[PDB]
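**Student:** So the chains spell out like this:
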Amino acid sequence: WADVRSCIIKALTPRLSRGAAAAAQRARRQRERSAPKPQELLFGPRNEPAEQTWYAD
Amino acid sequence: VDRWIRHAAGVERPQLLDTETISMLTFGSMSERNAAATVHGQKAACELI
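Read top to bottom, the protein sequences are chains V and W.
What the first sequence shows, in the numbering used here, is residues 1 to 57, in sequence order.
What the second sequence shows, in the numbering used here, is residues 1 to 49, in sequence order.
Isolated chain W, as found in the complex:
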């Protein structure tokens, strides 16, 4: 069901981050790369129920 969810949402798997990379990521990391091209600007939104 996790593979089905990752397919349905388009977001990829973590693909097994190492535990040192996990402590890196909870220390801080820039995971998301830049897009192909932006004409308006940097994206910004969030969500609340």
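Bound-form chain V, shown alone:
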């Protein structure tokens, strides 16, 4: 009882967007960012991925 409208199709349909590639670059620079020095802890602007949006059969 599979379907063209299933969980994984609705999962990967937002992956096909342009913003998916942009946010993929943003997360790949975001999580892979080095530990900050105390200078930006003292004077630099501050930093900010809470819960996920899954699909299911």
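Keep in mind that the hints were calculated from the coordinates and are not lab data.
Check each hint, because a few of them may be wrong.
Unchecked claim - Here are some of the chain W residues that sit facing chain V, going by a computed Cβ distance under 10 Å:
| hint | residue |
| --- | --- |
| 1 | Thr19 |
| 2 | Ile22 |
| 3 | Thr26 |
| 4 | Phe27 |
| 5 | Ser31 |
The beta-carbon is built from N, C-alpha and C at its ideal position, and this holds for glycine as well.
With chain V fixed as given, assemble chain W onto it according to the hints.
**Tutor:** Just chain W now, kept in the frame of chain V:
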């Protein structure tokens, strides 16, 4: 090369300031001591390329 530079310039190492002393120093600290004797006055100069 950092040890060679500190030897060539005469200035000593930091010799491992603690990170709380680092936040102290970026809060403000008087690191440089006074000289042996001054006859003219307090020193003043800077540098620009």
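**Student:** All the hints need checking, so say for each whether the structure fits it.
**Tutor:** Status of each hint after checking the structure:
About 7 Å separates the beta-carbon of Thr19(W) from the nearest beta-carbon of chain V, less than 10 Å, and the hint is met. About 6 Å separates the beta-carbon of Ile22(W) from the nearest beta-carbon of chain V, less than 10 Å, and the hint is met. Contact between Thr26(W) and chain V, as hinted, is supported at the beta carbon level, the nearest pair being about 6 Å apart and thus within 10 Å. Look at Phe27(W): its Cβ gets to within about 8 Å of chain V, closer than 10 Å, so that hint holds up.
Of the supplied interface hints, the one on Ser31(W) is violated, with its beta-carbon coming no nearer than about 17 Å to a beta-carbon of chain V, more than 10 Å.
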